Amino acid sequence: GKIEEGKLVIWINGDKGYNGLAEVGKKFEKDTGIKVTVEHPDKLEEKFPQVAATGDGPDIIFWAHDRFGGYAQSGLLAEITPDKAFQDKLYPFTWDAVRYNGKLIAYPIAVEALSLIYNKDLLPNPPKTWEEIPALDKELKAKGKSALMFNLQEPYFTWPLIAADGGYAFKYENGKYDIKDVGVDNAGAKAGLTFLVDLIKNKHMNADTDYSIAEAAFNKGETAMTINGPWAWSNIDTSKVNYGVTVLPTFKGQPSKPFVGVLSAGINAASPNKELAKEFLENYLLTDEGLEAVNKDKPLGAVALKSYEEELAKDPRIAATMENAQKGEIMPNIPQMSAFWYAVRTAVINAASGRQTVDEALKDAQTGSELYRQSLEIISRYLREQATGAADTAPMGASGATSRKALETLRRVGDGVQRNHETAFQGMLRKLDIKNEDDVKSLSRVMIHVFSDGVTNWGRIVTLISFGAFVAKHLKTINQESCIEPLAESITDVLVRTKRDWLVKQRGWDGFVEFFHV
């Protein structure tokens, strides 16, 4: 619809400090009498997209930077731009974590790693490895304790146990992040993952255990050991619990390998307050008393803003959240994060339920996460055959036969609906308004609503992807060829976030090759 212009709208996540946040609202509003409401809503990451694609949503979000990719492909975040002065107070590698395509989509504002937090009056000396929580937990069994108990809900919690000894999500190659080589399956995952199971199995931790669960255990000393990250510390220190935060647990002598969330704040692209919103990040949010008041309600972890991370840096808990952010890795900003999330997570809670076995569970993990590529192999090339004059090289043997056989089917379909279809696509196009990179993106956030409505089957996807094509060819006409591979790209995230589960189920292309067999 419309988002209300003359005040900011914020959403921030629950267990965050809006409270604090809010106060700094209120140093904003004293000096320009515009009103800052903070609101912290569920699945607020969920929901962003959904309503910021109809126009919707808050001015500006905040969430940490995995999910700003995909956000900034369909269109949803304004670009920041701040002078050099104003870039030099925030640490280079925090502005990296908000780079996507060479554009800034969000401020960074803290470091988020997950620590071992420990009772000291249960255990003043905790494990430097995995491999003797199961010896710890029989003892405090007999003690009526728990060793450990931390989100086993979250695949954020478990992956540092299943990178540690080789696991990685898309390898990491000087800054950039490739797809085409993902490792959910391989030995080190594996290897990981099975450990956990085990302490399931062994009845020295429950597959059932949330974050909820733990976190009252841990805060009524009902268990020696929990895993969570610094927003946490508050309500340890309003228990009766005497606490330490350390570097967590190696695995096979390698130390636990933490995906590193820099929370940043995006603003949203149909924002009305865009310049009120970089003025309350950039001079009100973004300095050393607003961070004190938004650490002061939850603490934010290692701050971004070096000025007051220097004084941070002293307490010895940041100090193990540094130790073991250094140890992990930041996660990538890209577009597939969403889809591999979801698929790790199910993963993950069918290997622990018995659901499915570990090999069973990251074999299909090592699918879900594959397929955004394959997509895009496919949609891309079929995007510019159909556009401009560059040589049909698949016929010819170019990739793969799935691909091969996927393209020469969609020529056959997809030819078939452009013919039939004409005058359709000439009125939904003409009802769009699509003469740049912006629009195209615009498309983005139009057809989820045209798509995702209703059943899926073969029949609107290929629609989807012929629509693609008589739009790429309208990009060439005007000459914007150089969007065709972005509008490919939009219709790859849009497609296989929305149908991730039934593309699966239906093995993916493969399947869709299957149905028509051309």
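Numbering follows the first chain given and starts at 1. Rigid core here is just the name for the largest C-alpha set that superposes within 1.5 Å across the two forms. What changes on going to the form deposited in another entry:
- Superposing the rigid core between these two forms leaves a single residue from 305, 140, 245, 383 with a C-alpha shift of at least 2 Å: 383.
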Given for the second form:
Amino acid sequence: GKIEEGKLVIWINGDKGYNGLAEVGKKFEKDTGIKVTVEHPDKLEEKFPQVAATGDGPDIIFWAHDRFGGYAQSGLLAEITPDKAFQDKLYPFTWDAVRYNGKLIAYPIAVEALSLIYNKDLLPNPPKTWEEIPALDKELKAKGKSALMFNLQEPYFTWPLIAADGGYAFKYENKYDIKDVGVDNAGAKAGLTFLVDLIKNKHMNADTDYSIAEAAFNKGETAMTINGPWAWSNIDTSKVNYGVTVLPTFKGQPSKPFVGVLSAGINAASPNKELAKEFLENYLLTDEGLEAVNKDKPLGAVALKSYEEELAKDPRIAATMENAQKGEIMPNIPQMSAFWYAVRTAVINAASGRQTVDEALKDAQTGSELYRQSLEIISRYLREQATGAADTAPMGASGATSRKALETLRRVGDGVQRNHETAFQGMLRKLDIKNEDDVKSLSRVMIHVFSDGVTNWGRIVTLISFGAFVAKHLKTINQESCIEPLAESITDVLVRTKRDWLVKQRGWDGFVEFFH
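And the form deposited in another entry, for comparison with the form deposited in one PDB entry?
Only a single chain is listed, so you will not see partners or other molecules.
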């Protein structure tokens, strides 16, 4: 392996208490003589899967739980095995946030929700509604102050307002419906339009980012910001007289933050998995370990029952959990990163005027839907090609698109498979695909062949058509069970390598129109 044996390398994001975490590492080091190194890499959430995909990287990775499903799907995480006694030390819903396909894939650390943070000296009674913020900004501007500044470059911070009047990511009612995406519905449009109107009317600036908003609040220039518990330390230092409270309502509805559980995963490629377990269970997830990190930058409502009993007495934590209860724990489906990228682009483009709100959110909808919709089309095609019989089940949400895409794929794919039969036979013989482990190795090959050159729908049909050819083969040799992981692999390659192009074509609607 590439990861060094007999030491621990730990990666955590730069807005967390990494010096406090390093103190916990030093205690581990003192006991054992084993080196512990804490780093906070730039763009951590993208750097980790890049390096781990090659069998490299840190032993332990920290992030909110939403990204861990994708990491697990990609084989980048070890299944964790806490014993019953340890599990019973943390709240059950925090374990729920780090369960993926029935397996625990990380240790939960703390519950994060955004709150409204306000300067009591400027704004002793913070607004209950978003709607009153323009007038409040006018009053404050007369005094050389602004009402509100927060990070407009990460959709995490704008999401609560988008979700307020009915925007949603993937439909949840008790039960998910991942095919059902609510990124460009009327509620989402209303929320984002209100945000863009704030910018148009000079109550906010589209360029405001994390550092700019934090500095303005901590210098006493803006009366409000929106942030999580990690931000409280720097406000303490600034000596601003601040409060932490419920987010404003929009159209009478609560703002609904996406709630994260800061979690610690173990690299699948680590030769130090037992060391990592010992560190996390016996050093970090203890009253003294969490206090060391919390004293650096507050964690929020921690997963460890014994310590949370103390933290819960803090009105700032009470406010954190009040906001959390009005929001929703993030999914950890593997396309969460694509959802976030899609909405990130929509907010930035709407705020800058590069797109209208309507067209921005339409693109984010398509981007968010891409994986599940492509998988439905591709899986159905590969299966009916293997067996000869079509799936009689209803398509579900966006069913017309999925149905017409499959119809188009059948028609165009028939010609492609006929004309490419000799080429496909040759490639199949060269690849020698015998089983599920062989199928798992195909992703790298696909990416190599499919990434280079101009993208068009014909090439995408050839990708999927060779998939169907391989699926027929797998069926013939009594490996029919391999067809679904084959479809998942092809889908992953398609939507990752051609994301921007696919959104530009309006996804599968463009496919249907191109070949009408």
